[PDB]
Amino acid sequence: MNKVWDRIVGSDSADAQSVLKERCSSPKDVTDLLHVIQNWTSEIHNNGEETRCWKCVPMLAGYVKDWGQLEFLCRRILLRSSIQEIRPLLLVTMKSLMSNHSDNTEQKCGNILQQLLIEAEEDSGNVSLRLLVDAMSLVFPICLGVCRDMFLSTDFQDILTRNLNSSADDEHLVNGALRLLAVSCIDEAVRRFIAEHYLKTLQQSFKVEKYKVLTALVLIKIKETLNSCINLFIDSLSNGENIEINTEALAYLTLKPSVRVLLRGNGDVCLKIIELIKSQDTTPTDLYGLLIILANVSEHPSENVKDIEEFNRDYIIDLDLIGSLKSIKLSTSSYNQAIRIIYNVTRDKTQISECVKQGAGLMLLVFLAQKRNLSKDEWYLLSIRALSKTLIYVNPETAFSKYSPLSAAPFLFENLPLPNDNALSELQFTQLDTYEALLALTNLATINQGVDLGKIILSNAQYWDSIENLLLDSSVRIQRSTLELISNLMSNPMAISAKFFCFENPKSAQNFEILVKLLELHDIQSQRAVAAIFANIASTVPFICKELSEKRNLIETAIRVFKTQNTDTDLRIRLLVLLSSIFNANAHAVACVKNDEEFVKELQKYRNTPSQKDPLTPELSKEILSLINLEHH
């Protein structure tokens, strides 16, 4: 099994998983190939051949069950720990060796480390020590036992600390040692050791520019002392240096409020983060970190809120961040963070308009569309929250780059409680969510006098059920908003009017009687909405108006509410429109009330001089008194 290795490490065209079909031969293929590897890994080849080799070895390694065929691999891997380009592949290989016979892998590793220490003690140069600390950092999170034993030993500390002190400008050794310290901070005993014995050294190397970032990354893992780290990450990110390490750090650290206030305080860094997010060059992993930072820093508390709105307006809105984000390629996690950003920005109603102009509504809708049959998780909910807030404060038809705002409606309906015969919604929405959904729906229902939304409601019986199920909600604001929604939907008969005004249908006639009672709701906004339902339909659909004119409970209730509450202007107007439509359609209804003297003198009081923008009050009082006159003469 010789030539297979040559074609495996010969060029990137061939693949190992490819020629895995030519392998097989478990008695011979694995053994023979391992002998080829052993003779071949006896030297260091260029980065391409080595990358092929350590991409391929893990497979074979995972297979071969005879441990004495995988011995040499420990030396081969540890002796390449300084080779950066193939370091993670080595890790993978070691992990594969670790997956089966873990203990023997770690044992051979410890033995090789001890020989490396002896070689390092006899080296007039630092090259053996570099190798040793690179091997230690490479295998530390998998061989934690032997690595902790090495790091903690006086013999290893002696040579390490001494050569560090002596060779402060051996950048490869210092850097290897700082990466070692960071990685090794995983274990607790090592962390205590580092935090008891290295603070002097770390303060020292923190003063040296070319080691500042790596030293800060060690210090993170162990107030003023922290503040200096954060200022380092911020300044070095704003410069442009070590985008990867700094963004990772700050994405973690912006989980703390003080870090956030500092970041928002530093202008240059904010411009830099926005420009990096826009920059077509930064890696997708850095883009993700940048977005995590932006979402953390833009989040409203539940730091001073005004600082957060100032930051969001200055750097996210005015730098057209949302308009750009529409165009960058986003993973699902990055899209999640962008939804977070949009949500945060909309916590300040004054910005929603601008957000929508930059395309945020579109991003919300696409996000929901793609998650619809996929992941109704917390980001789904968050997206619906942002969308509801959007639709409460903007004109709907100019809100999704000329896409249909009505496409939001199915998503809004997911924050309405389903009829309680209808499963559990994956969405953990609250009463506030339901309230805001109904506000947004009420806004959608203004389009084309409610026909568009009503047609969406009629295509799915569930939607109308979830509305009707809020007619008697115990929360005043939900009941109020429901009635406002229904009254907007009653600007066009379509067929939704049958829900209340098809008297041949028992269910509808019952809903009618309920509505008549709702005319006397204590909440004046609810009352206005109920009145507008009746007034809209009666002034707009003459068939229904003829039927309503015969419904004595409605007429008596409307008159009672007019007698006792006519000093509210919207309510008075709507009751007058209802009553006059009814009376014009039915002289026998007029004859019914011709002797209600209190009704007559309330009507006369307004036939005089209504205030405000109110021609209808005198006009309609005049009409009604005229009909009563008709009946008395």
Contents of the next structure:
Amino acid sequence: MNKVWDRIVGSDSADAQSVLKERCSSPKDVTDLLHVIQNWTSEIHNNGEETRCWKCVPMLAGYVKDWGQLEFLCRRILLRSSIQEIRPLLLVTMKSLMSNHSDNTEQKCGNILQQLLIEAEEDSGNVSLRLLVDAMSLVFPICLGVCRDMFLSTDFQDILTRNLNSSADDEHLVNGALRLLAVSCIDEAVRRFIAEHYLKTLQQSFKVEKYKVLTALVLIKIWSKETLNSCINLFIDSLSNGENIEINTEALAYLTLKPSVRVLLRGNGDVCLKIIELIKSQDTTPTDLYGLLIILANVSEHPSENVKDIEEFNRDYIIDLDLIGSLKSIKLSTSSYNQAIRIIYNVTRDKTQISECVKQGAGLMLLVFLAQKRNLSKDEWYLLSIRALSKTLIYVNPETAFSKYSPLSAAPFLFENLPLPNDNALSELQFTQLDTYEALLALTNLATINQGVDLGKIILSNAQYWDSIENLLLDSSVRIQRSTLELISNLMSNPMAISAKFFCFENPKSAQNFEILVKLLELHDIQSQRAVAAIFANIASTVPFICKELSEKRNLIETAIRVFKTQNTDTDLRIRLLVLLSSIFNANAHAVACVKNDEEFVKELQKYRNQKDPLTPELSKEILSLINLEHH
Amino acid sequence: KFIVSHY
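Would you mind giving the form deposited with the partner chain bound, to go alongside the form deposited without the partner chain above?
Below is the whole assembly, all chains and molecules, this chain first.
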């Protein structure tokens, strides 16, 4: 009908998709409505009504299959190409006519472009020519055949180049044509012509301030180094001013993939202040914010350009200007959140800045990102977040890292970077050996909270967590084996968590674990040995029942003494063995009677009854007095 | 008693 149409374009208070119900009868709608559109679109209406028209037309256009019923739309669309407000709506409407009638819609377009060209030639003014280039730049990426043929025709080149020579002072003509050149670069044949016949024109138009941005855009796409450097320098300079934000942001995001661009950008202090200000500003578009975050993450990234310069930038422009702390109170989409995590990761590559990151709330941002993706996408971004989290939990006190929130909610993610029982394995996260090492360092720090009770409760709630730790007891990597033993030694400060895994001698699996642990006392890695000794010393000096059983284990006692005879020069290892041995010897006089005639053991104890080490003389005396007990 | 910490 015709009143349905007035409702669709009358006011924004209408839902065109809802009106479809009024467009029930296929024909009436497939006909009258189309006829009403043909008669209505024969004039140009206000941008409000035009917006609603080209928001509804695509729907009906997609459904119709008869071409003779949608053929008029090509002229209607192409004749509105100079109306900048509806250009994206016109493109969608033309794309709607691509699914069907593709061949007939391109041929109708060419016949109109050819007619438009003749009108431009006969027009003493510039408006017909602007309309032709605007029609071409609108429909170029979907009608390449007829658009390439028009652009490359001598009749079109002739009128274009001549009007760029005579009317250089017409910014709407020049900037319309610069957009056509840039859009048309999607075709290789067109790019070659522009890179072979427009370099001079572009050199002149680069001298005019209001043509610079679009000229540099064309020059970027026509690049088959001062040609590039002058173009980039324009993008940086224009962006620091605050103008043409969408174009410079999209251009600089792709350009900052090259190190030389990053160095140039990092050296321009004016644009770095502007990028941080724009990100913090509540006025900038989400599309611009995403690009601004992409540039910053690209420029803040550590290489695998100088590191100290990148580190100096991250401190002076991201950390100094509180970029991270403001990201907490800004609306971020998933893709911008991905770059924010990427920026946090980049800054944490310098451990001196980790404390500032945590103060600015980076920990909570990693945690919330990980929780939101936990059941959604364990992708490369999910892994990157854990990497940043591991490095954070290594260098800062855990209790101060998550806004007074328990740092143990991080535990599950760290466990994800630890190899699972081979029986299962196959983890989306492609964590490396270094990731496992770093997660284990972080878990060891989490194990320091409340004598390990809190992390122990998490390990006890999921047998998969303990299996993962046990699987690394004999890892081929020294640093992973060392960090695993350290983790266990902290968890042995309270027997609730994992003491049964090693000291339940009635369980064969646990008893075999104990025998393995005993043998690990003679590992070649001193850090590992200290931790193994700490495991034993911790529970022996804390649980009398376990201490009593340990005091009856001949292989533990002989191994500890053997290690003591040969490595007592290492302070930490010595103290830990002395605590273990005095605990054992105080519980078992018959163990003492075994060693009462060990000459080398006694003399090594006597030398230490004489640094910040008060436990060594005290425990040596106590053990020697117990041996004296067995003699007098 | 014996604690390993990296921070």
